[PDB]
Amino acid sequence: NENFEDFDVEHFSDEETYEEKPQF
Amino acid sequence: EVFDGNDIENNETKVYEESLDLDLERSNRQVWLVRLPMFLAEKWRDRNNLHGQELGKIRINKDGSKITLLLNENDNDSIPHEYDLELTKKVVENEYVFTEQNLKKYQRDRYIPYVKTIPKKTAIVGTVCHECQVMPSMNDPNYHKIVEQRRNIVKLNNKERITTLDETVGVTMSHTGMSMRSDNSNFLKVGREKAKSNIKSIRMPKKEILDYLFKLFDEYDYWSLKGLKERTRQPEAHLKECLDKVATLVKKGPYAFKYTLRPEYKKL
Amino acid sequence: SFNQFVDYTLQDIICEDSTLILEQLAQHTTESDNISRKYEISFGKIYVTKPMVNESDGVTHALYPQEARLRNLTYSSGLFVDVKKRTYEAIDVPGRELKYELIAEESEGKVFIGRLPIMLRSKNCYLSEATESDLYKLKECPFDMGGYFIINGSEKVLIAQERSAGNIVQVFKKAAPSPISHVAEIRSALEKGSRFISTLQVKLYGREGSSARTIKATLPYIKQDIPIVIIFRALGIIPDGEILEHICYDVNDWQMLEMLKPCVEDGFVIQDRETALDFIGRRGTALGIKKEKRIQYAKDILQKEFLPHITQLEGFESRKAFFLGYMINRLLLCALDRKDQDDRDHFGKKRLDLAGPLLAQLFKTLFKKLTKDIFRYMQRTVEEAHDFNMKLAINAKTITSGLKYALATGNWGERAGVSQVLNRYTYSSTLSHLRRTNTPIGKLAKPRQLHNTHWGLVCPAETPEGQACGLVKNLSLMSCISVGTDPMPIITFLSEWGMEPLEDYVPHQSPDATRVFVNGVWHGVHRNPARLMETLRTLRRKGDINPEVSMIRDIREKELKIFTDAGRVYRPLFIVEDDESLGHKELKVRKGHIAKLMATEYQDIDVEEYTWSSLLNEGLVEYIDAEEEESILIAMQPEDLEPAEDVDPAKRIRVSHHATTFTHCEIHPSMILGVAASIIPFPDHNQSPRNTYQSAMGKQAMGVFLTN
Amino acid sequence: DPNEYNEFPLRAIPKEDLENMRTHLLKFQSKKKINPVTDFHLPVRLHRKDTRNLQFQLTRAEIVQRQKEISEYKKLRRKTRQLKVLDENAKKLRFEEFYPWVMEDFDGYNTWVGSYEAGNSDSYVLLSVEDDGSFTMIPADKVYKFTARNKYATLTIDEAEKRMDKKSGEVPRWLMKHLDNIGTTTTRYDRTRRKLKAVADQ
Amino acid sequence: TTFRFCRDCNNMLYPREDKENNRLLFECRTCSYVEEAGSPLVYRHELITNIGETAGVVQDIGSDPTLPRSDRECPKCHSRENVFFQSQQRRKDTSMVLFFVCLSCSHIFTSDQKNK
Ligand SMILES: [Zn+2]
Ligand SMILES: [Zn+2]
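Residue numbers (PDB author numbering), protein chains in the order written: chain F, 12 to 35; chain R, 38 to 144, 198 to 358; chain B, 50 to 157, 163 to 468, 476 to 502, 506 to 669, 675 to 714, 722 to 784; chain Q, 94 to 168, 325 to 451; chain I, 2 to 117.
Just so you know, the hints here were simulated from the structure itself, not pulled from any lab data.
Hints may contain errors.
[Claimed, not checked] One-sided excerpt, in silico: chain B residues whose CB lies under 10 Å from chain R: (1) 94; (2) 101; (3) 163.
[Stated by the list, open to error] Below 30 Å or equal to it, Euclidean Cα-Cα: the simulated DSSO-like pairs (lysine-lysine) are: (4) R/290 <-> R/330; (5) B/426 <-> Q/142; (6) B/133 <-> R/279; (7) R/279 <-> B/134; (8) B/344 <-> Q/328; (9) R/235 <-> B/652; (10) B/353 <-> Q/142; (11) Q/142 <-> R/279; (12) R/335 <-> R/305; (13) Q/328 <-> B/133.
Beta carbons are placed, not taken as given, at the ideal position from N, Cα and C, and that holds for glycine.
Work out the full structure, taking the sequences as your base and the hints as a guide.
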């Protein structure tokens, strides 16, 4: 595996925000 | 002392000689509620001490209402022999001292005649008039000893560290799991104490076993297999071979799963 | 933290549930078998072996960390307990009380309960007593610091888990649509008990514009919010005047009494202690209590479940009611806006669970499971008449696999990421990972910001740039975490140096009395708090009280808080005293003390060994946490802010603060930084995000992580 | 030292009159002075009873009155179980203090129920002042705080729920006065005086 | 408001309309204790509150090292050394007026000029 401190942004990863805000 | 209250039958006259009422004429006794540090408390509250001996002398100076306690030299030399009695409350109200003692059991408007009252011989033996706290005097030659003791209270630790086994780890683990040694402990040897009991029974003749069964049915009408077996010492097969002939098992009554005598022999 | 855990907490966990009693009733159809048996298995002293490994073929030999790393073994050591087996028999006569006696089958006897993984360079590890040449013989790096576990050959570091402190009253303003305006909650916990968390919430219903603003508290195992007046009467304080005396400590606080009036309006039609207890027992959620036992049910809830951090025993209803009134008082000050809601980001209200508390709660759970398995096997054997074997009674694989699994995978149970693979990229990366801390994150707080109370305790610029920004913190260089001491000697010292008990405390005849809290437990009041604080600080500076103990005097609020629990992050500070010889404030440490320190250092590189413990013992330095940091004034450097007052234009502009009342001095301000930020040259000449970026990227450098 | 003051010897109690006798501390919780010699209707009965269902248990005057009237009238099992271990001192403490102390006068005018107070029951020492001015020392073992009950006709739990219920509106400010004027749920003392006057008028 | 309690049972007293004298009687809801009202005011409600701004003033407030020291003149001692703090009432719309505690006579003198 890998363990890096260099924050490479996870592209195409909006479903975290979708599950964070699923209700309106 | 178990007892039931709300007794309108007046059984307390017969079951207690001592009066249940609160004894009160000692209530005018003057009592000082005195607080102590732990060394004086441990010396003065243990029951192996306190044989009526003198423990000190009280001096009251009326110039400023100062109270000093001077202990005797018989108990210890590390503790001070002069203390000041600080009056935390000069006037103490609604505070009394009562004793509790066992009794002599030998020789709207709706009410219930049952309270579950436990009566005890009680007696108000004093009235608290002065709340006092004991302070060691500053000028005593043992006040520094008291300071050292109170520092040792927070200095010492009451818990010891874990013990580390310095023996060889193989010698330590020789007791574990796979081991040659059999368990010599006898803790919960239920199988050992149960398998040693063996019931071996001979075949007595049919006339004898039927006579014995008829006598036991005359003794008591309903029987279970285990109880009648420990009464008769017979094999299950022969015991059933006689029991079906001269008895029947109950299947639906309140005494079900029990062998009882036949109704023909019941009248005999 | 690990040394404290192994030395004391293992024995504490064993001794809380040391005994286990099973009664076999007679079940007698005939009176010939009227005997009742009582089998007790009692645990005693616990022993820990040196780190060992058993091979396949049963050979057990001493295991060293290099061999464990090479062979993918767990660097663990065996735990043994003394087990003594009491057995009792009684004549089972109905009606007559059973009297048990020994049959003298009191067998006792160390038995194996599992393998505890050993953190390297701890008191159990082989590398603690090894010299540098011994480390070279064992092929261990002398620069290697330990601090980690070896689980299946992988170096595992236990990240410190940040949690909000227990036994503290925190008052919070709720949202506008909610009918409750303010909530005063305490997450009551006890350390020497069942370790269960009970949340007591005292809630003020109705908004500011409303009229019927009542106060109701959420008792444990009660399905409804009971009014506070009903709870006070159930605790035994009947009159309204006495209830308002327990809650409000000023006779002229008619704001507070006016807000408390709807509470006694709500609780007016209960006027008896048994009526209030019947009310609480009807609101009991167990739903298995008969009509006449609800009084005792509510009494048991109020004794064993209501505020357990105070006590579990009976006879302390007055103490619990005083604490409840203090909670309602704090709630009403926040409602009247005399104080704001308590800061969730205050670092003194936080605790850090190191390897001690984490393995402590894990071993507690695993030992409960072990004792449950012991009782289950013993019950099965006595029921089915099988032979009892203690090797089958104890499954050591329960403890062994539980500790091994929770240290191999970070799932702390049966919280994720508690244990991570130790970073071995560079030496500084290993140090930063070993001093790394973690904060779990869904509340209404803002925990990602660098708080004011983070000064000198965590690094101001060392944090990941991603989702872990602000949650993952790194300790400052001199910052330490307390391992926890017993508060009972300090409570006894207070009781014999003037803290009168709370049972005899009357607030109206003691208006100037200072409340005394020990680990969040209100134990009493003191008439003169200043000299008590003076003698307590003298004891801590002379070393009689443990220097990790934090003592705070809030003069404005008339409070004296003493914290002896674990998890508190503190830092050392110089002590500044009066120094009447020179007529001005000055540091207690002098050039003679510095020379003694340097002589000890150069002897290490014949005089007396003058150490950090010596500086702590005659009290030239002091351990200050974020809570004690609130009541002190600190100078940044000695030789400018201590003595009384042409400058170089190249030097930075510095203020002298125009105040000479200092109680402490910073040792050096560069020690507010962490391991990665202390590699940065001139970090005060840099923009702070660039210091954060270098703190991130210094772990990805190439160097020599270890010499082996 | 000059004898310009008064000076009193101090001594401990003998242990012969400490066995089978426990010397507790009584503390009435009241704003006014309480004196059981004067403020109480003799005889006073300090005993250990079940306090649940107050106002429905008879006072001693009604007890002796009913004694007089009836005297005139007549003339598969579970084999194994787990025991949660508990310490013996608190087990005995719970067993003793399961029923609280109750001190009642003859007419029910003063009824005081005592709660055990465990905070400082082990540090108290009583100095009894004897007739000759000496001091005798007693180790106080337990402390009880006595609260007066049924002094203002407390109402019951069921219609207490009915008043708590939001179906009913605001509780009236003088509901107790209305109930006392009607004659509902009166004091034990008032009921005792009613019973004694209904006996005495015959 | 000056809340007052019954002297028989220590419950608070409530207002009573009287008819035979047209007067205010403070009366206990439990045990029928009635007394005269010393003031006609029975309910007092502050919308702007000025109490609690000087809360926490204790006789050893000068023992706090965190409190700043000033040199402003005490108008009871003519002394220079003192401490000061802002308003302890922590509303969001309160003023920033300094309150000074003299360390010789424990006097509370303010920096306000609109009041003076
Ligand atoms: Zn009243
Ligand atoms: Zn002045």
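- Item | Satisfaction of hint between residue 133 of chain B and residue 328 of chain Q, Cα-Cα up to 30 Å | holds, 24 Å
- Query: Between residue 344 of chain B and residue 328 of chain Q, does the CA-CA distance stay at or below 30 Å?
  - Reply: The given pair, whose Cα atoms are some 26 Å apart, holds under the 30 Å limit.
- Decide if the proposed pair is consistent with the structure: residue 235 of chain R and residue 652 of chain B, CA atoms, cutoff 30 Å inclusive. Roughly 28 Å between the alpha carbons, so the hint for residue 235 of chain R and residue 652 of chain B holds.
- Message: For the restraint on residue 94 of chain B, tell me whether the closest CB of chain R is nearer than 10 Å.
- Response: holds, 7 Å
- Query: Do the alpha carbons of residue 290 of chain R and residue 330 of chain R lie within 30 Å of each other, as the hint requires?
  - Reply: holds, 17 Å
- Task: For the hint on residue 163 of chain B, just tell me whether its beta-carbon gets within less than 10 Å of chain R.
- Result: Given a least distance of 9 Å, the restraint on residue 163 of chain B holds.
- Task: Mind checking the alpha carbons of residue 133 of chain B and residue 279 of chain R for me, to see if they're no more than 30 Å apart?
- Result: Holds, because 16 Å separates the two Cα atoms, which is no more than 30 Å.
- Message: For residue 335 of chain R and residue 305 of chain R, compute the direct alpha-carbon distance and say whether it is at most 30 Å.
- Response: holds, 16 Å
- Is the Cα-Cα distance between residue 142 of chain Q and residue 279 of chain R 30 Å or less? Violated: residue 142 of chain Q and residue 279 of chain R sit about 47 Å apart, past 30 Å.
- When you check the alpha-carbon spacing of residue 279 of chain R and residue 134 of chain B, does it fall within 30 Å? Distance ~13 Å between residue 279 of chain R and residue 134 of chain B Cα, so the pair holds.
- Return the status of the interface hint for residue 101 of chain B: holds when the least beta-carbon distance to chain R is below 10 Å, violated otherwise. Nearest chain R Cβ about 4 Å off; hint holds.
- Message: Between the alpha carbons of residue 426 of chain B and residue 142 of chain Q, is the straight-line distance 30 Å or under?
- Response: violated, 40 Å
Of the numbered hints listed earlier, those contradicted by the structure are 5, 11.
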